[PDB]
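Complex shown without one protein chain; remaining protein chains in place.
Chains: A and B, in written order; residue numbering restarts at 1 for each.
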Amino acid sequence: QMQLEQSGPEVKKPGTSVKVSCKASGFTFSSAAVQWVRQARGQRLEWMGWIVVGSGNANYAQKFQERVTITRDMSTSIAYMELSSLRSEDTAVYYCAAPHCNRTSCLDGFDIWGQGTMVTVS
Amino acid sequence: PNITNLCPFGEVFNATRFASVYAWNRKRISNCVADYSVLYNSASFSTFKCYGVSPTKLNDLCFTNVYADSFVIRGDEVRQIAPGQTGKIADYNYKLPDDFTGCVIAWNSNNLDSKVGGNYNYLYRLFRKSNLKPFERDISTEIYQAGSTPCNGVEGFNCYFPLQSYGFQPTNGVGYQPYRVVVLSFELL
Partner (left out) sequence: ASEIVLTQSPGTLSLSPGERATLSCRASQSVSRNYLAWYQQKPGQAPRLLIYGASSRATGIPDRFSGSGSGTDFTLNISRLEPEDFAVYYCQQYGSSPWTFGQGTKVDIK
C-alpha cells in the first residue's frame, strides 16, 4: 500500500491566507520529490512549484513566486503549502503529486497522486 | 628515565579550523609519549566513551601507531559515532568498524562556529549508491543519479547535488548546535 492523503475542504474570506497539508505513506519519502498542481472548474491545470524532500530546495513559477510557500516535515512525513493574499480567482482544487522510490532510486515518473482538496473564497 | 617528547594532541584538540565530516581529517601519531589521563580528567569535555580499553588501561598498554580523525557534526548525530549504529552520517559519511578498539570524544563548540547571521562553512553528503566501507572515504562531487535514464551535467528531476550545508545559528535549538568530534584508534601489530 502506497498513499497520499490530504486534509480536505477549506473556506476562507477574501484577503486572508490559507494552508493545506498532504500526508504520505508507503515509500521512502526521504528520496522522493513533490509537485503542486492547481485546477479550476473546467479550466485545465496549472503548475506552480516543485520541491525535493531530502534538501528542501524548492522552485516556484513566477506567477506564484511571491504568494506560495512550500514546506516539508520529515519526522511526520507531511507536505505543507501556504497561499497568501487570497483572491476570487483562488476558488479551486489543489493536488500534490509524488513518485514512489526505494532507497536506491526513483521511477522517473509521477504516479502516486492524491485525491484533491477544495479551497473556496467567499 | 626523564620523561620528554610529548605527543602533539594539543595541535589537534586546539586548532584554527576543522574539516567537514565528508572530508574528515586524518593524522598519524608515532614515536611519542602520550598522557591520556589529562584528556580523560579534563573538565572541558561532554561525551567521553572508550571501547576496548579502560581509561587507566590506556595508560597501562602501549601500541604501535595511533590514528586521529577529526570532523564536526550537529548535536543529535553524535550518537552515530559507535559500532553497529545506523543513520545518514554513519551510513554515507563516516563508518566505524564492528570491532573498534579506540576512543570517541565530542564536545560543544557553539561560540566557535555559530557565527552571527548564519554560517555556510560545513557540508555533509546526502545521497550515495552504496553503503560506506569501514574507514572508506570519497571526495568526488559527481552529479548523483537516481533512475534508469542517463544524467547530464545539469541538476534536475532525478539528478541531485550530493552535498548539503548546515544552517548553524546561535539562536538555534538545543540539539542543532554544533559539536566537535575526535576519534582515536590504536593498532598493535
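Everything below uses one rule, namely that a contact is a pair of C-beta atoms (placed from the backbone, for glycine too) under 8 Å apart; a residue touches a chain by one contact, two chains touch by 3 or more.
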Of A:3, A:16, A:115 or A:122, the residue in touch with the unshown chain: A:115
Which of B:157, B:160, B:168 or B:186 contacts the chain that the document leaves out: B:157
Residue numbers in subunit B that touch the chain omitted from display: 149-152, 154, 156-157
Positions on subunit A contacted by the hidden chain, ascending: 35, 44-47, 50, 59, 61-62, 95, 107-111, 113-116
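Here is the rule we use: only the chains that are shown with their structure count from here on.
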Inter-centroid spacing, subunit B versus subunit A (mean Cα positions, whole Å): 38
Subunit B-touching residues of subunit A, taken from the complex the two chains share: 31, 33, 52, 54-55, 101, 104-108
In the complex, subunit B residues that touch subunit A: 126-127, 129, 146-149, 157-158, 160-161, 164
